[PDB]
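Have a look below at one chain only, the form solved without cytidine-5'-triphosphate, in structure tokens format.
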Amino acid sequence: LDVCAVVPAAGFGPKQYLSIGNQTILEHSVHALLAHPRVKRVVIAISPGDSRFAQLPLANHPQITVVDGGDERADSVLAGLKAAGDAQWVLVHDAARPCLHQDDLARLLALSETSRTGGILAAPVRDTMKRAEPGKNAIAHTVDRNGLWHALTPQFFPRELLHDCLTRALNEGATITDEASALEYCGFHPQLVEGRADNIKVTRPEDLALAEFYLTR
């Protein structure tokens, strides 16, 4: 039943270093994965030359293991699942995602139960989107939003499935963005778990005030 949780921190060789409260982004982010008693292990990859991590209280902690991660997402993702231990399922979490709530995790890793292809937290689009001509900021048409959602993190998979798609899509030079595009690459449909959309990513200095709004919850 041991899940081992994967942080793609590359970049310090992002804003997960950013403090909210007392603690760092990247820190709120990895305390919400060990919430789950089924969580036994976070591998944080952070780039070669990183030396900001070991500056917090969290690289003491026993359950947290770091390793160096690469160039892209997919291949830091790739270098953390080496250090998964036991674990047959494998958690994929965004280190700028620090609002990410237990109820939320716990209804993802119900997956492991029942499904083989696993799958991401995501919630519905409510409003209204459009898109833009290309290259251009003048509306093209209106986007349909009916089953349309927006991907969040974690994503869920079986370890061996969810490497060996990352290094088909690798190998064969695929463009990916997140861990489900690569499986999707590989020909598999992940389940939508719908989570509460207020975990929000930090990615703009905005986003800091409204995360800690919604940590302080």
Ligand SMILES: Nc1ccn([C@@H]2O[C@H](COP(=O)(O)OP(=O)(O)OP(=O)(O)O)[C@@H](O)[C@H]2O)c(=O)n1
Second form
Protein chains: 2
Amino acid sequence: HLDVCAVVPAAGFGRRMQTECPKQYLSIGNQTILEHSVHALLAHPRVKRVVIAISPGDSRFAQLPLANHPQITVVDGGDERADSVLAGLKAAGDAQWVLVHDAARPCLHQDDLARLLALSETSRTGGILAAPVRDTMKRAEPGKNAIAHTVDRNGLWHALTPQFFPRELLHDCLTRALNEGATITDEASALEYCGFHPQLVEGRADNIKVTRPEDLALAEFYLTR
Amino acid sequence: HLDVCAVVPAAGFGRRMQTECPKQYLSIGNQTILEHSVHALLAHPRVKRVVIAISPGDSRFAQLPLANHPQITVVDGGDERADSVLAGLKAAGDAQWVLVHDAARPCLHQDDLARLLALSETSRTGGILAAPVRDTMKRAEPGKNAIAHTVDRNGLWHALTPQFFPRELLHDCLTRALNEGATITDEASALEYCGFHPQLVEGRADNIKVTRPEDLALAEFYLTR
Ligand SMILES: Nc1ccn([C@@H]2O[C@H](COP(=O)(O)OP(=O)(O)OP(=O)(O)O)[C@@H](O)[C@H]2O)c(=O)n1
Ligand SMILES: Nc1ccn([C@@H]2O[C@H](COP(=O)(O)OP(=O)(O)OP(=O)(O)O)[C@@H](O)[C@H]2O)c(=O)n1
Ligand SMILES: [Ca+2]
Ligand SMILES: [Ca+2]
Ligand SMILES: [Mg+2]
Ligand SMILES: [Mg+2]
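Go ahead and give the structure of the form solved in complex with cytidine-5'-triphosphate, now that the form solved without cytidine-5'-triphosphate is out.
The next block holds the full complex; its first chain is the one shown before.
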């Protein structure tokens, strides 16, 4: 019952990084962002497998140690993140629960990961790591850079990953959301579309996603310095 | 017309920092957070004066170089931030426009500051530095840590400081908001309460507010390393 399979969508190109090299293959130390991410998942004993979805043609993955790891399986991802997650879910085996984690979030801590996994003993829907909103938030007027009003930040959260859900429920919700042309952001949004309400497990705010050039040095700082 | 007076509320105790020393008096390099903040404002030629509101009894301010600076005036702040800003606005002289900046945001860049000041030539309401929301945001169900739904991040912004407004309009709006018992967060929220819609001037996301222990090292990283 405690066996978990992780799915890491890593089929993007990181166009917002300026590098011709996909960001997940940029390094911090001498390990790639993808490796930092994958190894944080493999550190928890319950993670028995990790399925990494890569772009077809991606010739870099094969040159990493992950390519020959007994607990790692690679599959081709798709056009959008949701497509890549589905492809990963297809190779997840018989795992009852799945952990979906962005290849671009290398700063994941073990304590957050462990608290997220505890959801399988107390939830039938699952949940996500999330950080509470700290800044005062403003909603802009439609099409203009003028403030319409302040958005109550009480009960407002930044969605992070991993996101942990029963495997087949996630597969079904992503499948339905996509087929009905729903607007999908993260895995939780697919459950949301189908009427579910995933749990919010508070996590560290330094669990950042490397998206822009400056993020590389910040991620490096968070890992240590 | 181009003369600006800045007001820096610095009368808080930074209880969330764990230090008995008020956070604005913690140092980065050999300059206090308050000094980094104040000096960033004084770097722009239009800032002719800075009024710093401190807690009564605050015995630290007097020991800093700012205490004898010809362009700096100190006043006693109040119970809440809005009270301290009002006290500062009272000593702002005849300045037509005022810049309100948190003592705890030492990472302000000159380019953002200059773009914010340009509002006086194109607005009668003023505006604030703000950073666009990047993460997918979730709204929690009332009183529970379960996701109600995803909040559209399009047109959603993190409010930062400085916040720049015509002096007397700001004074009047803060005065009314407080008298009517409105919920005030930043200076823009006071204008909002009175029917105004301040401008959003996009600024750097590394313009952070030192609030928790870990923020000190992050602020130090952003300044340089
Ligand atoms: N078709 C896609 C698109 C994205 N991803 C993965 O989704 C995670 C994070 O999404 P994001 O950073 O938003 O996408 P990128 O394509 O990596 O970056 P950009 O949007 O700047 O091109 C990344 O690990 C990325 O590789 C994926 O597997 N398949
Ligand atoms: N009565 C108050 C409360 C706050 N501030 C100032 O408001 C700015 C930022 O607000 P915040 O960080 O939220 O308040 P602090 O009191 O400094 O910290 P804490 O809430 O953890 O006690 C700080 O520069 C702080 O000194 C102030 O001048 N007067
Ligand atoms: Ca392991
Ligand atoms: Ca000057
Ligand atoms: Mg993308
Ligand atoms: Mg406070």
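Here the rigid core means the biggest group of C-alpha atoms that line up within 1.5 Å when the two forms are laid on top of each other. Residue numbers count along the first chain shown, from 1.
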So, does residue 133 move by 2 Å or more at the CA between these two forms, with the core held fixed? yes
